[PDB]
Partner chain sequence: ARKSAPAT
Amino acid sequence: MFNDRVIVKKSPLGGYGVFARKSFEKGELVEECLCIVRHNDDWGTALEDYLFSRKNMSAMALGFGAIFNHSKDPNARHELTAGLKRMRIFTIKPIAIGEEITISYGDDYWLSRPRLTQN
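For the form deposited with the partner chain bound, pop in the coordinates of just this one chain.
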């Protein structure tokens, strides 16, 4: 799974992660993807660890959106439009080829999962 900007491959952080295929400048757009949005309670349990949420709504990012791993020291950030219809991943610093691209899931994601170890 890849495009001109990134590639998906095994990550040292866990499972699969998104990596830079080319160098990125600070503030450059890494990925823009559409999201499927529905009330929080309509998602079952399958995607509990993947979904993004705002208030009573949750969104499942398509494209590479749901594959980005988390880091306490991320090199990218994510934002979702009103209605959570689209998500954008922007770098917050220069990223070199081969470097994993990470975002911040937010504290509660991890605090609510004490059995899971954060890398």
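Next block: the form deposited without the partner chain, after the form deposited with the partner chain bound:
Shown below: the chain alone.
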């Protein structure tokens, strides 16, 4: 997987990650993708590590949206339109070619609140 700016590859550390295939300027657009949105309880635990939520809805980002890894020192941020229909990834720092593009452990990510029960 790869487009005219990012490339997905196995991270020497964790699993897969999104890496810059070209130099990036601060505040530039990295990726905008559509999301599948359904009520929180419609999702099992399968995507618990990828879903984000707002109110009673959770969304799964398509495109490369769900591949971006979370970092304690992110060089990007994510933005969801109303209704979680669209996700946008914007850099918050310049990004050199080859650097992994990461987002923070946002509060809207299921991952920030593991659950003892689910499905």
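Basically, rigid core = biggest C-alpha set you can superpose within 1.5 Å across the two forms. Residues that one form lacks are left out of the comparison. Positions refer to the first chain, counted from 1.
A displacement of 2 angstroms or greater separates the C-alpha positions of residue 111 between these two forms, with the rigid core held in common. Core-based alignment between these two forms gives a C-alpha movement of 0.3 Å at residue 7.
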